[PDB]
Amino acid sequence: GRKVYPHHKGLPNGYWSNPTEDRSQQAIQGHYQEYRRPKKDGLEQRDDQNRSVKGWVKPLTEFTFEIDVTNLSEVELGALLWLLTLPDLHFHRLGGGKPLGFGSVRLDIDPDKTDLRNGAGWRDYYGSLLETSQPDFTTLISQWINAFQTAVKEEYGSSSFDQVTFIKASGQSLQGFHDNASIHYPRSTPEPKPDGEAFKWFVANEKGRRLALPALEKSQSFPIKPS
Amino acid sequence: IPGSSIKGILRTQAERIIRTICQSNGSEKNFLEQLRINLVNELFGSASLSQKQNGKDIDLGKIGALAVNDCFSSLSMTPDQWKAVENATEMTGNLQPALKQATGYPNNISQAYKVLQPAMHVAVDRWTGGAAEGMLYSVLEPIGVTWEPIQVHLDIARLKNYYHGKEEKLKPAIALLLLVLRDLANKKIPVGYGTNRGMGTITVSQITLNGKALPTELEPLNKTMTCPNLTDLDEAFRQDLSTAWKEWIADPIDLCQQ
RNA sequence: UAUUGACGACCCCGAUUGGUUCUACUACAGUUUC
Ligand SMILES: [Mg+2]
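The listed protein sequences correspond, in order, to chains E and D. If you count the first sequence from 1, you need to add 568 to reach the deposited numbering. If you count the second sequence from 1, you need to add 261 to reach the deposited numbering.
Don't take every hint at face value.
[Claimed, not checked] Calculated pairs, DSSO-like style, for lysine-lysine (alpha carbon to alpha carbon, straight line, at most 30 Å):
{"hint": "1", "chain 1": "E", "residue 1": "571", "chain 2": "E", "residue 2": "721"}
{"hint": "2", "chain 1": "D", "residue 1": "375", "chain 2": "E", "residue 2": "626"}
{"hint": "3", "chain 1": "E", "residue 1": "681", "chain 2": "D", "residue 2": "448"}
{"hint": "4", "chain 1": "E", "residue 1": "681", "chain 2": "D", "residue 2": "449"}
{"hint": "5", "chain 1": "D", "residue 1": "375", "chain 2": "E", "residue 2": "666"}
{"hint": "6", "chain 1": "E", "residue 1": "786", "chain 2": "E", "residue 2": "736"}
These aren't lab readings, by the way, just hints derived from the structure by calculation.
Please work from the sequences and hints to get the whole structure.
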């Protein structure tokens with residue numbers, strides 16, 4: 569199905585700080601600086617297999633944007649507003665470097681700048697050149713989300729919305745994993761050693777216990793020794 | 262930006278307003294029938310089409326009373342300076358000199374790319390991630406080109422001839438036009454390429470209305486407006502237009518039908 | 001019976017609409033000579 573990069577929950581304080589330091593060989597609070605290419609022999613591995621970035625948008629910076637929508641039914645609109653009003657600690661993943669932990673973003677609505685009306689409301693608005701009041705859509709917002717949630721429950725027949733498999737799976741993507749295991753590419757060594765021999769986890773897996781990638785909703789971590 | 266493009270976005274919003282009010286669907290009609298709706302047939306005009314409508318033979322065609330000019334950038338380049346941009350071949354190579362030339366910052370690319378900025382895009386395959394094979398493309402985005410004010414010319418004489426002189430009948434057409442301009446100023450009418458794909462949204466700073474020889478009941482139009490919601494037009498005038506407009510909404514006849 | 005041993009980048013635009021509809025000749029002067 570659809571590939572997703574789970575949020576890197578629980579990265580420690582200062583993990584993104586001082587990023588030129590080659591902390592990758594040390595487990596600060598149990599996390600290696602997994603986004604940095606290790607130095608080899610004390611010099612930077614600017615090999616032609618990777619890129620380097622001169623800077624990045626700091627965490628906690630903030631953007632505003634607007635979405636302009638046309639003729640969305642309550643189900644199609646309900647789905648959208650659910651994504652924009654996910655509960656706390658759900659994060660979307662944006663831009664590049666997502667496997668390395670970059671680009672997690674929190675989305676929420678500014679209701680004081682939103683103005684949604686059905687076509688019968690626009691017949692009123694276009695009815696007059698004087699100002700005419702908008703509906704307070706915030707009374708309806710909960711109604712729309714439930715139209716979505718009940719349609720998903722109904723069609724993908726389930727006793728709960730959150731038990732629908734793509735819903736349960738999508739939740740764990742947005743929320744990240746809770747078992748406090750690190751997220752990194754499969755490797756046969758806890759440290760990211762500078763030579764990067766990730767393939768030999770797969771050969772150890774292949775001769776050994778031959779694990780498949782766990783189900784996203786199961787939050788099952790791989791063993792570092794798949795044998 | 263050709264006047265064809267600015268006319269076409271304005272016409273589209275004008276029709277959507279009219280069809281919305283009437284709840285008249287557009288989906289079953291072919292494109293030449295989709296275009297043909299009330300008031301816009303007079304403002305934006307209609308194709309010539311002879312019809313034996315009543316044993317009498319009549320032409321449905323009339324020219325647009327509303328005309329629009331091409332809008333050019335304030336920035337300009339010598340013809341060869343742009344031919345250097347059209348014929349660059351390396352986005353990080355010989356393109357960089359060409360854009361530094363044309364943007365007027367021949368020694369300062371970080372200012373050059375505040376005027377014309379190359380963007381890269383990928384389609385990302387939904388099972389694998391990465392990028393879909395072949396789906397890499399780039400855009401020269403005129404992020405910072407400044408544009409001159411758009412000129413729309415409304416021929417009040419041509420409408421008044423369509424309505425056989427009756428200046429009462431202008432108010433629904435004038436009312437429609439002001440509603441179209443209200444949306445333009447509220448970012449409801451994006452312009453050009455890629456409107457759904459990161460382009461095309463305009464800020465309107467000022468609409469200046471400057472009519473000549475307008476009939477006395479339309480004389481309040483001569484105004485410079487800066488509120489998007491037309492609140493710079495006299496409330497008595499906006500309320501008059503609203504009345505004639507609402508009276509047409511209550512019976513949306515072919516207003517040029519004598 | 002299961003060993004051998006570490007390297008490496010890729011995509012570079014893809015699909016589509018390419019003209020559609022109306023007007024196709026209309027009035028005449030057809031012999032002139034105070
Ligand atoms: Mg390309």
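Status of the hints after comparison with the structure:
1. Of the pairs offered as hints, the one joining residue 571(E) and residue 721(E) holds, with about 23 Å between alpha carbons and a cut-off of 30 Å not exceeded.
2. Proposed proximity of residue 375(D) and residue 626(E) is supported: the alpha carbons are some 22 Å apart, at most 30 Å.
3. Between residue 681(E) and residue 448(D), the direct Cα distance comes to roughly 14 Å. Compliance with the 30 Å bound is thereby established for this hinted pair.
4. For the hint linking residue 681(E) to residue 449(D), the alpha-carbon distance of about 15 Å falls within 30 Å, and the restraint holds.
5. Of the supplied pair hints, the one linking residue 375(D) and residue 666(E) holds, its CA atoms being roughly 28 Å apart against a limit of 30 Å.
6. Of the supplied pair hints, the one linking residue 786(E) and residue 736(E) holds, its CA atoms being roughly 10 Å apart against a limit of 30 Å.
Checked against the numbered hints above, the structure violates none of them.
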